[PDB]
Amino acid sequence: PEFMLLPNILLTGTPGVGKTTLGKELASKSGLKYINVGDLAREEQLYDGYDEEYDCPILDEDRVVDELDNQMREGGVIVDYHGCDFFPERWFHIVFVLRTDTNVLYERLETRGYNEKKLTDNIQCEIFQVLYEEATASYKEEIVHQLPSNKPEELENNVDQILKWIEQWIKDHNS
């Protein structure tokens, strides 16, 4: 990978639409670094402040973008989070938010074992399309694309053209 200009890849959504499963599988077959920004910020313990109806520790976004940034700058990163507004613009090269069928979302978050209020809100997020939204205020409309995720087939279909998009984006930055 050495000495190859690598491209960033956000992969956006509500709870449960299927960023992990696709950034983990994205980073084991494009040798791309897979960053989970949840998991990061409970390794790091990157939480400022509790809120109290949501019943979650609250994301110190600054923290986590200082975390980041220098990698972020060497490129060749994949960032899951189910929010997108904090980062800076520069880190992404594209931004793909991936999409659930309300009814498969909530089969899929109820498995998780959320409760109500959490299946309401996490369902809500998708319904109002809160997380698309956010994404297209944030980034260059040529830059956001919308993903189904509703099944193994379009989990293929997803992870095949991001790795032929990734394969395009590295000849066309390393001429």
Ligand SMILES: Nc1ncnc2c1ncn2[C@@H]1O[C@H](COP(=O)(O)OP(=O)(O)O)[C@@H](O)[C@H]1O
Given for the second form:
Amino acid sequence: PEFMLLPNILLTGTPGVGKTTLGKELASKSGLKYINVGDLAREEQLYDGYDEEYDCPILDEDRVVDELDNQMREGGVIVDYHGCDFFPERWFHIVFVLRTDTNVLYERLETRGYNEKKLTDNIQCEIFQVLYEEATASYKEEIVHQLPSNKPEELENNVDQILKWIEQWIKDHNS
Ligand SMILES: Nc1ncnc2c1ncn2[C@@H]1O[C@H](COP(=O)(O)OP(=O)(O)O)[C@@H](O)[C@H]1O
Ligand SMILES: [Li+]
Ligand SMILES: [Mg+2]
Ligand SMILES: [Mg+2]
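Having seen the form solved without the ligand, I'd like the form deposited with the ligand bound now, please.
Up next: the whole complex, starting with the chain shown before.
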């Protein structure tokens, strides 16, 4: 992988849509580095403030950017986070917003043990297409794509289509 130009990919969308499942499988099958922003924030304790209503530490956005910037500059990173408005626009060559039918997403999040308030917040987030709109506001239209993420066959199609995009991008950028 040394001395190859490699792309960076954002996987975004409501909690429960399948970002981590897709990201880890993509990294295994491409050799690109997988980064879970929530896990990274946990491991490196990148928090500032506590959110009273949602009951969780608040992500320190500047510190996350500082933590990751050098790696992103070097390329070949798949980043997984529900949001995207604070990332430098230059980081990503393509952005995928995974989408899940509300009925399907609810069962996933219920299985996680989310309580009523948290289930409702996330379910509304998806039905209002909040994170899709956040992606389109933050990145060029042409590099933002919605991916269906309801069934295992769709996960496989998503993996296949992205692996193929990665191969073409690498060819196009290592003439
Ligand atoms: N395309 C899919 N089809 C069926 N189940 C899926 C799909 N993608 C993810 N899942 C399942 O949905 C749950 C949430 O996926 P996860 O990758 O943790 O979501 P996120 O990281 O977006 O919160 C997991 O149980 C996972 O196995
Ligand atoms: Li969550
Ligand atoms: Mg090489
Ligand atoms: Mg996840």
